[PDB]
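Trainee: Add chains B and C with the ligands to chain A, keeping to what the hints say.
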Amino acid sequence: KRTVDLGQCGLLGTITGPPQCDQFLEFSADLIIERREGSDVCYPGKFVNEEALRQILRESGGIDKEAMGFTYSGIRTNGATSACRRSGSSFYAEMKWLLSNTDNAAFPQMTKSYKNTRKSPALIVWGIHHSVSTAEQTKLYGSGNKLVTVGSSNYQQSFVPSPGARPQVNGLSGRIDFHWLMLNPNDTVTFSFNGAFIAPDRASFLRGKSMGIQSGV
Amino acid sequence: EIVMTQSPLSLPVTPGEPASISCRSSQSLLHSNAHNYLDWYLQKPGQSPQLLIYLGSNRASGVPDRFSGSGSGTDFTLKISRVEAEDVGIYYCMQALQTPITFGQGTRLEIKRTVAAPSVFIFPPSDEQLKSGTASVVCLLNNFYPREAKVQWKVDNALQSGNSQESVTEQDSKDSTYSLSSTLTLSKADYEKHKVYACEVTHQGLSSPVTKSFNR
Amino acid sequence: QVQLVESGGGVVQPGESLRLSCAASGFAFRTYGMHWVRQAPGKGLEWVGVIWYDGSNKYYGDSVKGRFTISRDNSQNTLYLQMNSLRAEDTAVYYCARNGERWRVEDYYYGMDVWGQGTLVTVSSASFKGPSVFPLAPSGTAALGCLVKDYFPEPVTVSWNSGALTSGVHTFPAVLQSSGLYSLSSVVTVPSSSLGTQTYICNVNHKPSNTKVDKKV
Ligand SMILES: CC(=O)N[C@H]1[C@H]([C@H](O)[C@H](O)CO)O[C@@](O)(C(=O)O)C[C@@H]1O
Ligand SMILES: *[C@@H]1O[C@H](CO)[C@@H](O)[C@H](O)[C@H]1NC(C)=O
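For the protein sequence lines, the chains are A, B and C, in the order given. Reminder that position 104 of the first sequence reads as 104 in our numbering, one-by-one numbering, no gaps. Each number in our numbering corresponds to the 1-based position in the second sequence with 217 added. Each number in our numbering corresponds to the 1-based position in the third sequence with 433 added.
The hints are simulated quantities; they were obtained by calculation from the structure and are not laboratory data. Fair warning: there could be bad hints in the mix.
Stated by the list, open to error - Below, a list of computed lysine-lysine pairs in the DSS-like style, where the Cα atoms sit at most 30 Å apart: (1) C:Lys562 x C:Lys645; (2) A:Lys46 x A:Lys115; (3) C:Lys649 x C:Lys562; (4) C:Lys476 x B:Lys296; (5) C:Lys649 x B:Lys405; (6) C:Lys491 x B:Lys348; (7) B:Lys367 x B:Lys261; (8) B:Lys405 x C:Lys476; (9) B:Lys405 x B:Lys329; (10) C:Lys476 x B:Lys367; (11) B:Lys371 x C:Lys648; (12) A:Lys46 x A:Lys209; (13) B:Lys412 x C:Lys648; (14) C:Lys476 x C:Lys491; (15) C:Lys648 x B:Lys429; (16) B:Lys405 x C:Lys562; (17) B:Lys412 x C:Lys649; (18) C:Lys476 x B:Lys348; (19) B:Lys412 x B:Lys429; (20) B:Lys371 x B:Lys412; (21) C:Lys491 x B:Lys391; (22) A:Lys112 x A:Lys46; (23) B:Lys261 x B:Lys371; (24) B:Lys391 x C:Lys649; (25) B:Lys410 x C:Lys649; (26) B:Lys410 x C:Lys648; (27) B:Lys371 x B:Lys429; (28) B:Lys367 x B:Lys410.
If we strip away everything but chain A, and leave its shape as in the complex, we get:
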């Protein structure tokens, strides 16, 4: 039985890729052992609907990565943070932090879509960045109201970054939370954002079949 001990890497982190998961980014296993030490994020925040996502992964057999193909012009795609350290400020290996090309510049309205062409379902994840304050949100994405919408064949949701201060974690009071859907074959997810959007760069396809356990042995 090919088996994987995620140690400091939390099962969900294999999808978005905080430093602690850099070695499981495309893991393959029949038995997934989680640890209480394991962590899903690096920047403060959580996975919404995280326990459903956890059960898909535990019984997934591993994850295969595949670029999504989004490209950009007129913004920065290299947003990084001290909370995600790779000998320096870094981020999530599978995600891009988009922001305005210069401080306070107006982030352009953007629409990007992706179609699952492979034959099994694709795990799509994206993030809302909640800034510590209105002014920081503006410095990063420009002033005014922000809106992220996500749609697939049966699903529609809008997301509104609410800047504000939450309890200082690792020195940061802002948050990035992760939302996710399962994109069936030949279906399309369509993103529409004007800032505060953490875009996926690679999608995850399940590898097969496996059992997951959070033990101490």
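Mentor: Leaving out everything else, chains B and C with the ligands in the frame of chain A:
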């Protein structure tokens, strides 16, 4: 092997004015996913190359709006809408499609000013250097524009070929001029074996070719 | 901050081997293709080659294929270039660079989004040698200087009156002579007036050979 051909190779631009660079490709760069696998890099003097435009038309992280890229298939173009001083350097286009990755020759973007004539000075070999074995005669061209220069070496009104190497500074960040050094090298033998020494300089900013002389 | 740091360059003899390395911080190095691009003095960029993210395929440019090898230690975030049979022409700054996108192989896109500072390789059989420093004596403005002749390797630096005489100085790029030795000249314009009152000595530093010279002119 995709060949890349850029033009022009030298591009003097007046500050605040537009600029255009061309890149042609021996093969189509348009892939089946609707992307053109063509990048533009900039190398500012003394710095590494940096990404400017990727996939034909995308301004990379940090790149201001005055740059843009366009084209399709084999024909590509980099426009700067209003050139700034900070924009001088060498632009490289590069196909990103097929190994071996290849580059254009590079287009050197420089600041354009009104012509300015080269104050010419000539220097004879040192006594210390003469006491060695060889003689080095140096002609200086100080703060001229453009950079194209005709530097001619006269030794008893003979022509010299292979006796001189040359060297230009980088465009001054204040006055946008250049300076040039022409260094003629011969042996004490052939140095003494002649008399008068002069360098003749003709420049777009000189009405008639100017010569500087000295006699051994 | 994505950062590529090259190291291992220097002076080497024709026919020798030499190994450059590139330290990478800021990103999941193990998921990216990496390139080496070189630039010979006063020449364009020339691609040396590329290594895939797992080290399973490598491809090299025409002028080094056969003699250079690329490899990587993902455990230590390090890219390597093994140069063998060095020829004089191989003299260049060698740059390390990241393959920005991570697209399927069949659509592989070889853009490089982040570039290191580069490392200099000089292939030459000349021996280190300090320069000889001869004057360039003036005949409303006069021009004097120093010829800095027959030194190896680069670089030398020159100044005037310790660091006092700064305005109106021009130090030219060295040129390589057929002897294998470098030579360069440095000049400053002064009022023919001061010529006799203020004294002008140039200060030549050739650290690589521990040679310092102050000539009066
Ligand atoms: C993309 C970006 O803006 N990065 C910067 C971020 C953000 O402003 C906020 O962390 C988000 O709330 O903050 C830093 O303090 C950090 O996290 O190390 C500095 C860093 O350059
Ligand atoms: C998806 O579409 C392709 C062609 O567009 C087709 O070959 C394939 O059978 C489709 N798959 C499903 C599950 O509908």
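Trainee: Take the hints in turn and mark each one as holding or not.
Mentor: Now the hints, each set against the structure:
no.: 1; hint: C:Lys562 x C:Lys645; in the structure: holds, 12 Å
no.: 2; hint: A:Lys46 x A:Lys115; in the structure: holds, 26 Å
no.: 3; hint: C:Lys649 x C:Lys562; in the structure: holds, 22 Å
no.: 4; hint: C:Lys476 x B:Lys296; in the structure: holds, 23 Å
no.: 5; hint: C:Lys649 x B:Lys405; in the structure: holds, 23 Å
no.: 6; hint: C:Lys491 x B:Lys348; in the structure: violated, 56 Å
no.: 7; hint: B:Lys367 x B:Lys261; in the structure: holds, 27 Å
no.: 8; hint: B:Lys405 x C:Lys476; in the structure: violated, 35 Å
no.: 9; hint: B:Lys405 x B:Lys329; in the structure: violated, 42 Å
no.: 10; hint: C:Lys476 x B:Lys367; in the structure: holds, 23 Å
no.: 11; hint: B:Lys371 x C:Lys648; in the structure: holds, 28 Å
no.: 12; hint: A:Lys46 x A:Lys209; in the structure: holds, 26 Å
no.: 13; hint: B:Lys412 x C:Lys648; in the structure: holds, 27 Å
no.: 14; hint: C:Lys476 x C:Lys491; in the structure: holds, 25 Å
no.: 15; hint: C:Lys648 x B:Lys429; in the structure: holds, 25 Å
no.: 16; hint: B:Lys405 x C:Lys562; in the structure: holds, 23 Å
no.: 17; hint: B:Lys412 x C:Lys649; in the structure: holds, 27 Å
no.: 18; hint: C:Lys476 x B:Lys348; in the structure: violated, 37 Å
no.: 19; hint: B:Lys412 x B:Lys429; in the structure: holds, 14 Å
no.: 20; hint: B:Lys371 x B:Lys412; in the structure: holds, 11 Å
no.: 21; hint: C:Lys491 x B:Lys391; in the structure: violated, 46 Å
no.: 22; hint: A:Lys112 x A:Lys46; in the structure: holds, 24 Å
no.: 23; hint: B:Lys261 x B:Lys371; in the structure: violated, 38 Å
no.: 24; hint: B:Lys391 x C:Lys649; in the structure: holds, 29 Å
no.: 25; hint: B:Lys410 x C:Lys649; in the structure: holds, 29 Å
no.: 26; hint: B:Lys410 x C:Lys648; in the structure: holds, 28 Å
no.: 27; hint: B:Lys371 x B:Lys429; in the structure: holds, 10 Å
no.: 28; hint: B:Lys367 x B:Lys410; in the structure: holds, 26 Å
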